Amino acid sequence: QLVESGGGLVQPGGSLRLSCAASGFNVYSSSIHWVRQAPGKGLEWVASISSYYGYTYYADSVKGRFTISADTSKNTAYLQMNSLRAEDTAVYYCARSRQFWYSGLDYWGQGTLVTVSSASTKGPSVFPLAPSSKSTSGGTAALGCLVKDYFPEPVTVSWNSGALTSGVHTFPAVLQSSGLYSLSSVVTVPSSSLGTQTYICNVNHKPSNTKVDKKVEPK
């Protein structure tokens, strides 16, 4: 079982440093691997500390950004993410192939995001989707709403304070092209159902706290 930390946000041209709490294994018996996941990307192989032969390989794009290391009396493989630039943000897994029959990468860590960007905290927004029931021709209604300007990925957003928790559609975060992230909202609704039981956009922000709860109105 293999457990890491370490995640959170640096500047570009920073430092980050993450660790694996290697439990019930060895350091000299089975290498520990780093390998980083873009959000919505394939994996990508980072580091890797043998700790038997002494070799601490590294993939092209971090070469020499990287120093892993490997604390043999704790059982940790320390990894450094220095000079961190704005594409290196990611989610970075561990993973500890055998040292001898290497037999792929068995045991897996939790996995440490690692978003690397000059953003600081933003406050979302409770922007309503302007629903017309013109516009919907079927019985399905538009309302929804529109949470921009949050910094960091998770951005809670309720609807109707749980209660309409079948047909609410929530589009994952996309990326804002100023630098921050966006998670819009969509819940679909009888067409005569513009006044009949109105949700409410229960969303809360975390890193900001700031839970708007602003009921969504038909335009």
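Numbering follows the first chain given and starts at 1. Basically, rigid core = biggest C-alpha set you can superpose within 1.5 Å across the two forms. What changes on going to the form deposited in another entry:
Just one of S69, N26, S161, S193 moves its Cα by 2 Å or more between these two forms on a rigid core overlay, and this residue is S193.
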The other form holds:
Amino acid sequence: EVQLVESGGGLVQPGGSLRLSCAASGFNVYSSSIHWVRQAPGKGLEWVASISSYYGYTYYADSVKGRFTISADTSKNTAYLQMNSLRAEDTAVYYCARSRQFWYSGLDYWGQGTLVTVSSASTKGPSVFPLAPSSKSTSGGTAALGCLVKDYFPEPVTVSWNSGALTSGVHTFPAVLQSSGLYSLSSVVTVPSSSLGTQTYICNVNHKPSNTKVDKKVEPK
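Go ahead and give the structure of the form deposited in another entry, now that the form deposited in one PDB entry is out.
A single chain, with no partners or molecules, comes next.
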């Protein structure tokens, strides 16, 4: 079994420090090179640092040389990366990849990835404000209902309508990062107008990462 296991990614303050670890398995550090590649949320792949460890080489990106430092520990078969002076543009999902040392490239093995978030804002629980269904303006056959979730820093909440009892093609748009640094997502659902006056439309928002649960009910006006 050949696999790479990453650890050490998480939220830190701007200007802080981080230490990601890539616990290799199934291969040796002298017969393979270890590289660090990051992907900003919704962006392309980017190579950051690499270590040869057979020739004793360490390479860094043009925007990474003065801050980062990659190292290999042969005893535990592990590579590290010391990230320092972190700025806003350092937010990404960092992967560690393996390449054959002798006459091969193209990263054939990758780690799962660890998201490194670098923002001054702190953890905060969400707030829910229901969206009033418009019974006149809307022209669709099935009336649409939903509620709004905003102002929470940790990973996106899980809003379940009627504790998952509503199966009407609900959609949870991906959370969006605002200027203030707090995420916001929306959940919408189209329900036929026949059950508007009888079926209860309730949402439950769970944010166990920030330990907050707010429940609100939506009703047509």
